[PDB]
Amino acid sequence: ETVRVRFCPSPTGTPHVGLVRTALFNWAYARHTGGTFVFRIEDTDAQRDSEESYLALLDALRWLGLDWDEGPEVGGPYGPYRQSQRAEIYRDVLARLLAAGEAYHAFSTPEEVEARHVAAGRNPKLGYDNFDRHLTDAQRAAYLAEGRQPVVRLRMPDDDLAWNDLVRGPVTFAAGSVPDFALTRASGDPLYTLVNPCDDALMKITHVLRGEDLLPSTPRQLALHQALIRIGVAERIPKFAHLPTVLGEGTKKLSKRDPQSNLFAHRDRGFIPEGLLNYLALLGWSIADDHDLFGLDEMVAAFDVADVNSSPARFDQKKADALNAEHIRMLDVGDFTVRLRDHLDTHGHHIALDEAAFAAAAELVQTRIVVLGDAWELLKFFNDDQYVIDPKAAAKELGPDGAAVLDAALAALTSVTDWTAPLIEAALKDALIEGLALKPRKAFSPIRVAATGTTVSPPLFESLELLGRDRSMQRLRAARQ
């Protein structure tokens, strides 16, 4: 304390699960340390989709329950928290760096760097060669006369470049191995290389937790962070922690397309936040050696990113599903029921039971799905306008002997005074095991198909109860033929 971490997405595309794992990892580490979770928008590079993507990002956080302490709408003391709003800041930090001799204007063309390499006997594949560090005022003025627009480069220290990664351990870049790197484009506009460390510095970030795909930037950032201390615009260097990249089934960067990388796919299918967060938390981390099922509070209590491993994290849609199922079954019945009603409703999949019978049906299926979406197939026989008898079922369960069973079942069921669950059971086993003498599963079968359309459904008798007497009788009577 006081830890300060940062989720700093660029508003491009849908949130993928890897990105969302990083948000959760930061969130949990703040909440665990009693520190602060900063939400910074990296929107100096706008594309067509950028508002759409912005809204998607806040929606994602807002669905999974990961509130932010500083950032959009909510504000905070180190604002602003959109980078598109911070250009004055970036121009003044650049002015200060230049004034202090920490950075310099560089005018080399790629061809000119190439040529110097060639004159040296070196391979031109090497980058920038720091040439422009030694420019005379004459040479710099001559460039500007011709209308060369320079980039600003940071002067790297000439000694070894290392840090103790919170995940990886000590990482090392050999002396002299990282060229003076550009902070601006020729138009003057700042780069990721400036605005990302600039804003970590100014927003007093203490711990940077990010995908290990960015690990090569770290020596550059540390050099800038060190420069920023020198010019008096920060006082501390952040620690870094580089998360294992989330892979798909291949060894490949979880692709931008394969739907198992996209958070909205999961949501749309009917993951609940508790299920998805539990799964995300397991991409690089385990709460203990004896279990992997847990809630967000338990995570917050336990989460420390030094316990994140650097080993391969591969996305496993079987384990995801399994965890969601358990987390669905973990819900109290009322909560599950409201969530299930909403999910069905908002997918154009309203079930035509009133509040009380729907609540009964919800509790029937809670233990019988993996995702909220599974309930439509289970449940939809309860609407007249979705009833369809499956041909297979109607070929098993509807045939000649179907007639025998449909007949006796019809006898059986008519006479029940009360369509309450606890009785219908006894009518049919009487008729169909009792006197037809075939297995209890053919006593009830052809009922099921006649009532629901399918050989698999919710528990028969509650389903008959909830169907109602009149609809049950009607469907059975129509079936037999």
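Residue numbers count along the first chain shown, from 1. For the two forms, the rigid core is made up of the largest set of C-alpha atoms that agree within 1.5 Å on superposition. What changes on going to the form deposited in another entry:
No residue of 38, 424, 61, 451 other than 424 has its CA displaced by 2 Å or more between these two forms when the core is superposed.
For residue 50, a C-alpha deviation below 2 angstroms is recorded between these two forms after rigid-core alignment. Relative to the superposed core, residue 411 undergoes a C-alpha shift of no less than 2 Å between these two forms.
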Contents of the next structure:
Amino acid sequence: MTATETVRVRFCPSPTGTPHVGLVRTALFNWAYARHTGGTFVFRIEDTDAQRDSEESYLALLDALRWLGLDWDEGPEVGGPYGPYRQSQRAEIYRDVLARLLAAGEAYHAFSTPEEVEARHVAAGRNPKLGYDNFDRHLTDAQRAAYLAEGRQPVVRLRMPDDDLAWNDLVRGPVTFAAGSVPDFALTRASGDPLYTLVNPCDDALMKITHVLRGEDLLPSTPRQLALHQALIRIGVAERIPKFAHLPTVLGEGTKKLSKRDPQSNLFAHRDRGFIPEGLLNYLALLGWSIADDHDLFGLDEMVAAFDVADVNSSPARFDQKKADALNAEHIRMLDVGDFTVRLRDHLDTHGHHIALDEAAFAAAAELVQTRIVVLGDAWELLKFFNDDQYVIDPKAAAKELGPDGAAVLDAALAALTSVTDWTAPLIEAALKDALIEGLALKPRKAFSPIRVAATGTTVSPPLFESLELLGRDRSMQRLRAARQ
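Next up, can you give the form deposited in another entry of this protein, since the form deposited in one PDB entry came first?
No partner chains or extra molecules come along with it, only the chain itself.
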């Protein structure tokens, strides 16, 4: 349908707070569409507010993308032809643009106070809650000269065109704002500082962005942006207006956007719990898109191959922790055991949940639990019984399994285990089955539950015999002996 589009897309977050999963969804959609089409992914930091902005947040945005495996073609660290890529560094570019806009009559200096606007609404019998009145379009040279001579500091406003402001949204379809409905808008504050309304569309133009893919909560900015892009083409600064694609807002439990105050929106809360990049990328891909109607499990290469903005839906995109957890668990199970073992060791070690097993033993234990967890952190509760200072016999398990009958099972197993020549899972198994099954004719649940509770503290544990092997003879014997009291 048919030539591949020529694509330059951006991810343009503000460095305020922690990396919001809606915003990371938007990064991924941009990245996937670039990679699908052989296009360029531009990373721009929109840091024009010193009050809210922080270097901690900047570094965390870089870390978020790198951890997720989403590399950028132009942006911080890497550079590129249209830099610098932090807006805090492009002050001189914005001043030039403003100057050019002002000299073409695309933009003008405006001196009204909000109170003078309100008073003009009242005299004309207009709703005084309405906005800017375009009064300053029509200032005489003398009146303009006269405001400056009084020390008025103007703002720069853009002169809106007279026609409709409309585009065909790649996700939302046709959108139109009527001729005259949008007041001439401020591109600066009275200090001269440029506002989002200048810097965002200006850098999209200057960085030659072809497709703007962003959350649909920003849709209302688009007409103002269209106006500015048009002005920038007239003054020879840009060439083409980008296409726009507005992505479904990521919701929490109701109709409301998932909040930045809500810990579920924090990418790194998921990290800390033990999401892996492959899990979380798969999940975030499902927040407005879908590889197939018959399955939702996929990797990044599969997404790159399949992803087109034409297939983004505008249906409600609700964040569902259960689904995210389920996909993470599938992705965990897809890892090669060596990869998984290294990731799991590092996760536990770096969250002060060291497991008291040597490297090869821990690998063996990791192998045993790869199919039992939804997130890496869950392995602590499953494996901490290897740590003598964490082991505790659950009192309900004890009451049920460590009665006189179970006590009797331990007596037999303990004598069984002394005959085990080498302390390995098969010989442990054989000794205990010889004694408890072949010998005492016990039902397996009856033969083994007391030994599992004794050795692990609980009625559910990793494979019992393997677990006994890794605990070692001395520890296993000690626990079994104590369990009978």
